[PDB]
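Quick setup: one chain, the form deposited without the named molecule, written in structure tokens, and binding and motion questions come after.
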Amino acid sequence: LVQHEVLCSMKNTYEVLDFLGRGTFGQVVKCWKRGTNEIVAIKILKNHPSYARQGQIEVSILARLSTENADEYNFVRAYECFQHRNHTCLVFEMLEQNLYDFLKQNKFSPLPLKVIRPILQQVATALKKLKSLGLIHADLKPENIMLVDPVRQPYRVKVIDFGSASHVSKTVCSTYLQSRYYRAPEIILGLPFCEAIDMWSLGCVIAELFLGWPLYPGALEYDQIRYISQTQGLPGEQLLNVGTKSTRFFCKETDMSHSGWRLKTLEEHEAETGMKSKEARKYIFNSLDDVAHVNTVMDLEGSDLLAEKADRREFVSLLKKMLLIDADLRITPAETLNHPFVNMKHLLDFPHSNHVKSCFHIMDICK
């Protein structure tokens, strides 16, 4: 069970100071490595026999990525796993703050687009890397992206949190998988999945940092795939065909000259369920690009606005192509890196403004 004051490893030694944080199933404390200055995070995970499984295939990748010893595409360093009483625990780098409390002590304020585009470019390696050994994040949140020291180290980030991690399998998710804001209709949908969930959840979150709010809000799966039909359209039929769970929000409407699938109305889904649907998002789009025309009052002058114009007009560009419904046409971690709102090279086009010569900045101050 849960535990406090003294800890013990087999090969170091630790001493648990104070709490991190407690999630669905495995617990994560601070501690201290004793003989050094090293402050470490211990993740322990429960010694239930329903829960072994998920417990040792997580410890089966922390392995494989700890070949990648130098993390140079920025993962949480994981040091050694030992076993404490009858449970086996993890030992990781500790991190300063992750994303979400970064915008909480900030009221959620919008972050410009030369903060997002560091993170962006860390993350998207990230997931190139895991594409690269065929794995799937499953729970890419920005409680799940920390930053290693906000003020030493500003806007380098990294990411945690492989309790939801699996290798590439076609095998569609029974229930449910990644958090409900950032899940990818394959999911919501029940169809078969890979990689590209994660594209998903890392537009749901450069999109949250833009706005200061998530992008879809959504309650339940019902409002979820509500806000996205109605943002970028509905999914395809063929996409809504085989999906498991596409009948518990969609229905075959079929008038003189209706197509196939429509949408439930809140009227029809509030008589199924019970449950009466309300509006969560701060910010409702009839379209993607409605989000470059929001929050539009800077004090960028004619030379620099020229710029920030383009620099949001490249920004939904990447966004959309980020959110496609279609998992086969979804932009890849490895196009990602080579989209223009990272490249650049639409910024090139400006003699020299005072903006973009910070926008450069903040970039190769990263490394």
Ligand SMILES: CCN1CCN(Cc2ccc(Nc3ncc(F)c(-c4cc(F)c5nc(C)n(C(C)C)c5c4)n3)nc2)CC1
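The term rigid core refers to the most C-alpha atoms you can superpose between the two forms while keeping them within 1.5 Å. Numbering follows the first chain given and starts at 1. What changes on going to the form solved in complex with the named molecule:
Comparing C-alpha positions between the two forms after a rigid core fit, one residue in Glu68, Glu38, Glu335, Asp326 moves 2 angstroms or more. It is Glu68.
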Contents of the next structure:
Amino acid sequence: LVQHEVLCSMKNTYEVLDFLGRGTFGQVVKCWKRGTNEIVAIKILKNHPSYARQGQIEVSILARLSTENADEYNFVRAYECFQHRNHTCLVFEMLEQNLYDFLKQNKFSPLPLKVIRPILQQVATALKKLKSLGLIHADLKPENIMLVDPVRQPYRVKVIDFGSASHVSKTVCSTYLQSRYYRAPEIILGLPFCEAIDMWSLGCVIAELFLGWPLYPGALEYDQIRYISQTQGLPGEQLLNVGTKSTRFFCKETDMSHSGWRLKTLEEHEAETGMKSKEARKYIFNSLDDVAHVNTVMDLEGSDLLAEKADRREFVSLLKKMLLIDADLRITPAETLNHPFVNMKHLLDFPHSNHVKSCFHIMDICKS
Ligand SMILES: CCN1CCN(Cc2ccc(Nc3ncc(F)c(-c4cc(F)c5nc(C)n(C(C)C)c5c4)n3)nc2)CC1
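Starting from the form deposited without the named molecule, produce the coordinates for the form solved in complex with the named molecule.
Once more the chain from above appears, this time first in line as the rest of the complex follows.
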């Protein structure tokens, strides 16, 4: 389906104005709710039977989300639902700009920590509501986080993809289910995955926002887990033993000096798959603590700088806790909202610092 100007529904009717996206997910288009001054986004799903319950499940969760009022929990609001030419449509409120196109706007300049904080706090409260209902987003990525109104509401945001969401009843992963740069280790190796899958995605997102570039811009799933263990340490023996896909990226060295597992050398991969592995990280780290020493020229002197050095110490502290290789030990939405970095406890230790007075003024301004 596709058209340039026309549509209708049960109580409402919509005209299309411009295209907003088109791909495997279907087709999203921006429309005008005639009779009012609302512009809405409505997403059409393709009308093929093999994709039947893939659409039935997205509506089933959208309904379970309108009830329980996910709205005002920093989620996009789903207005109504209907059909048109046998296709199925979903009406959403219109948001302005997603974080990818926002980073691209500043030529991928790093965003300062003072701005990153309110965004995280909101995306955390949105995931917190998910866990309390038992849902997994599964596609949390920069493209799926948007500024309500980046000019009239400088920092409010909301989430906006559900084509990958599912209940926690699943305990098995058959194929890929995230955007690669943000796919959690559970998906890459093949283990029973939980809602932590998204908390990983949030790790690469806030990391991407601070560095200005993907933390792990792997070209293939191999490159991905290569960058990960190379930075954070090789995964744990118990994880790799029960992973289905772990034979594809790791080898079981039974050498005299073996803990049971070693990563496959590049040469072993290029000889196996035939694909030369190009380095893709704009940033290469030996440790995650190493992240605190990046983009270090600040134009701040005096107390302003010491506060910034303490803000970074607590940033890596949380990033490490969000990016635990293990799924269970990884920090949970409720616990991140309590971590000192979102809390800002460590900032109180700094009286009359004009950099700290401006950090608090960003959290308080988030409510308005
Ligand atoms: C070539 C660039 N052109 C011009 C720039 N433009 C950027 C852009 C993107 C989105 C919006 N507005 C908006 N508001 C509310 C919504 F709910 C969705 C929404 C809902 C869904 F279910 C989706 N499922 C998927 C896969 N998407 C993707 C489209 C993210 C969904 C999006 N989108 N405004 C501008 C892109 C096209």
